[PDB]
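Heads up, the chain below is alone and in the form deposited without this ligand; it's given as structure tokens.
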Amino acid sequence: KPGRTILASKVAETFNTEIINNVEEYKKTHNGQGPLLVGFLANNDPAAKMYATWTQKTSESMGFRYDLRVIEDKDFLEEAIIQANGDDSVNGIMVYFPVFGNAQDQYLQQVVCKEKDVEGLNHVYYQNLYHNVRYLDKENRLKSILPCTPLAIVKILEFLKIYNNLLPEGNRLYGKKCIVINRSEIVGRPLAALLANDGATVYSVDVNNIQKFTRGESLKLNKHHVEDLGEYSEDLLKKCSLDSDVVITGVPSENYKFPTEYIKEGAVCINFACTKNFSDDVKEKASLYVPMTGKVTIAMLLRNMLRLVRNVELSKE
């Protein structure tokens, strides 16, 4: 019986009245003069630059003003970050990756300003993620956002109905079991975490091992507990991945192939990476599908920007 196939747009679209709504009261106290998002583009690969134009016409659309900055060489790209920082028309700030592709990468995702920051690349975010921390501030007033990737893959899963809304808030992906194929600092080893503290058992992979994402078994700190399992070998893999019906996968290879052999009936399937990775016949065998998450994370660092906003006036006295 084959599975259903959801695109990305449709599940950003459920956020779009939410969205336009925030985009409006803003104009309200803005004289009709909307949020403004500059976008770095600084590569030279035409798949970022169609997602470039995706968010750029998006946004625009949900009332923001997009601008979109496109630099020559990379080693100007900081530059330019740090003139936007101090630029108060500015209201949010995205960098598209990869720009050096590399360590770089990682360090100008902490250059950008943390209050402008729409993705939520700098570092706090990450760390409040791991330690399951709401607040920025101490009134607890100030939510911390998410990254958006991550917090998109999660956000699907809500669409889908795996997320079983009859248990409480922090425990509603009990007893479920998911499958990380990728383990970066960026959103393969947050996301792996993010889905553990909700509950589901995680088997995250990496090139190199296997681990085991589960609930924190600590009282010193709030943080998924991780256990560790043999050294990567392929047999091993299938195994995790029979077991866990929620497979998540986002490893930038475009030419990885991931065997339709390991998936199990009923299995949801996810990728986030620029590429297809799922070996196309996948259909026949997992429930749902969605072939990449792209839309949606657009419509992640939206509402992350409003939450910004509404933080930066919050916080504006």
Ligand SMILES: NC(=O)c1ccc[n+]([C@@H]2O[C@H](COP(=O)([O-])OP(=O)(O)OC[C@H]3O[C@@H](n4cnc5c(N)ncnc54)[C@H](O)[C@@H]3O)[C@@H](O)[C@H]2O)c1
Contents of the next structure:
2 protein chains.
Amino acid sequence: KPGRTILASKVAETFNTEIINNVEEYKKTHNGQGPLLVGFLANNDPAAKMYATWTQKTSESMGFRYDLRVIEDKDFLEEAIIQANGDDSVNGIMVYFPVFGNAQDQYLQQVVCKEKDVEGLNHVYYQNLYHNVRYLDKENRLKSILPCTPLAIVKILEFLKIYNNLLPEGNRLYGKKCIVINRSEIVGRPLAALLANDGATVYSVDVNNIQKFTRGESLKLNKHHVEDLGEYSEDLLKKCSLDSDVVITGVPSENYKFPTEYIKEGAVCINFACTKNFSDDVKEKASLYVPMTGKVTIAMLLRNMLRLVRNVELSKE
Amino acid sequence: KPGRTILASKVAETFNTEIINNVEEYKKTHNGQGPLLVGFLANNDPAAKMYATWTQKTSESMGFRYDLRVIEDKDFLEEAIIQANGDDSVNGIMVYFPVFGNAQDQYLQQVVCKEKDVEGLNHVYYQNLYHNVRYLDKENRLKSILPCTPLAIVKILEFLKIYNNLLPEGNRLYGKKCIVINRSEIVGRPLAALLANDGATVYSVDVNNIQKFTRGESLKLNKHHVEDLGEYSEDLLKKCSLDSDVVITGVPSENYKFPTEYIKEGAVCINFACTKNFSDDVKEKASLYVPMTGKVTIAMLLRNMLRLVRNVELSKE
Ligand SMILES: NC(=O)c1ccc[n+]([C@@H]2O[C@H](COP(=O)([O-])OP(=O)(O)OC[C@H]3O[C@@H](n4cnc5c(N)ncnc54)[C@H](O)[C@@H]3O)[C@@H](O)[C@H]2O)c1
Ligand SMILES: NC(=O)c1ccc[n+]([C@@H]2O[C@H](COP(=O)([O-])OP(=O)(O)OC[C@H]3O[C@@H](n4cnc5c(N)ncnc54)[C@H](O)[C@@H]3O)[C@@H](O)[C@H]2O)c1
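Having seen the form deposited without this ligand, please provide the structure of the form solved in complex with this ligand.
In what comes next, the whole complex appears, and the chain from above leads the way.
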């Protein structure tokens, strides 16, 4: 029996009602105006532009004052971010990567004012995710947000009902096997960790080697315990994936193909890469298939902003 | 006439007297004990171990309580850093890269407690270097340190007398042409920038393309203006280098060779890569030749620590 297909939009539909209401309350207190979310586009990519347009329309639709400040020359994007940080009118900032396409982007993600960083690119949010820190302040008022991409995927699994919503917080994924074909510091590694923290065993795939992320094994630090595995062998990946009942993928290659033999029956497949790295025939094998995150990522990024704003008001004094 | 050769040690000799005296004053106030500098070694590299030993002996020699906490499995190095951050006894922390050998190391460099980060790996010090910020606080008490590697190279040039010590601060390199064969976010890019900020025109070389870093061109941000150049062409590099009277190199390849034809007569050559990327015959062409930074980097890293400590006492209330 062929597997169904769930669109990112359908998942995002769920959050609309929640997000909207939060914005309305904001509008009251802030004399009719909603929060100003700025988006920096500094790359010449049709896909990025398309996504940017999506974020634009979706946010405006909800009631956000969205501004898409496009930069010509890469190096000035930084400067733009600086004055934007100081711009009180600006309530949230996001950057459309790849800007430079290397370490620089990772530098830039640390330039955005932490309080306004809606995507959760700032290092602090990453540490907190790895060390299971829920808040920021001592008095537990300011809740620490998580980077939208992995947070979205999680929410996707929650929607798909994989997260057994009958177990205590941080263990809903107990008896589950997951595999993430990506270990990028921006999404892959954090995603795998985030999953493992919820109970599931994770097979983290990388070009060089594979690893097995599991629950924290220390008392000095509540961080996921990594179990290193054999060097990247094609047939090895197969074995790992076959055991995994949940597979996530995010390889940048526009011509990547995840062998459908690897997919286990009933396996839930999710792709976050801006490209189609999944082989079409995957439908009959996977129980559920989500072609691309995108729209879901946007919803999270938005609600994250709402949390940041609430945090600003919460830390106003 | 063949060019001379200056050893990193000889340069570091200069700072000994300064560093020592600062430590003695510290010893008084802190009942005979000097500052505790911890070094995390988590890589299986003969060179790194050798360097670690050097830092160990040099610091102890000066009067620093040096501890070399070696970690077996990479993933636990992080945890070690955390408890070390909280360890009040620890006055400074440094990490021996490559730990993981990828993005992770860049993640880890942001895990070290900013106040104890002696090498200047933390993002804040990088921003300040790029935005010419001298201090941290509003009242201009806490001076912001710069990452030891590029800071060392600068000090090397200051020693070599390239920095015309008769011009006002931040313009001693005015009529000088420099080229940096490295654009790593950790050293290359910051170094080139740091140089340009002092007046000199910089040719930043990368595997993909070359660029021309120059003085700040904006009023909204005091950041060096980058002039992008043609894609990396071998004979192009030649042209750039020929104009450059000062050449710095840091390519990781143990078998790299910088064609001596590129070197201009009287050109000052410096290498910071842990490997010999310079062709031996370079002596007759270059006016001065510094084989490797190492020892100088250590001295800076040390004095940086002294500044951090002074900053801690300075921000005690
Ligand atoms: N949907 C979104 O909102 C969103 C957000 C962030 C990232 N992304 C996607 O993720 C990509 C991130 O890649 P990057 O720029 O960090 O590049 P990179 O190549 O440095 O990292 C890619 C990661 O995937 C791994 N990978 C690459 N080829 C692989 C292969 N053949 N087999 C197994 N693993 C492989 C790499 O080892 C690495 O861990 C982006 O290009 C984008 O397409 C999408
Ligand atoms: N002496 C010290 O204390 C110290 C400190 C930091 C770094 N280092 C050295 O610098 C290296 C940093 O490299 P990385 O790990 O970031 O690796 P990487 O390959 O990601 O970056 C190396 C940088 O040099 C450039 N480069 C590489 N090959 C080149 C070539 N053939 N021609 C021109 N440019 C080239 C790359 O484009 C990049 O900008 C280290 O391996 C180490 O050897 C030494």
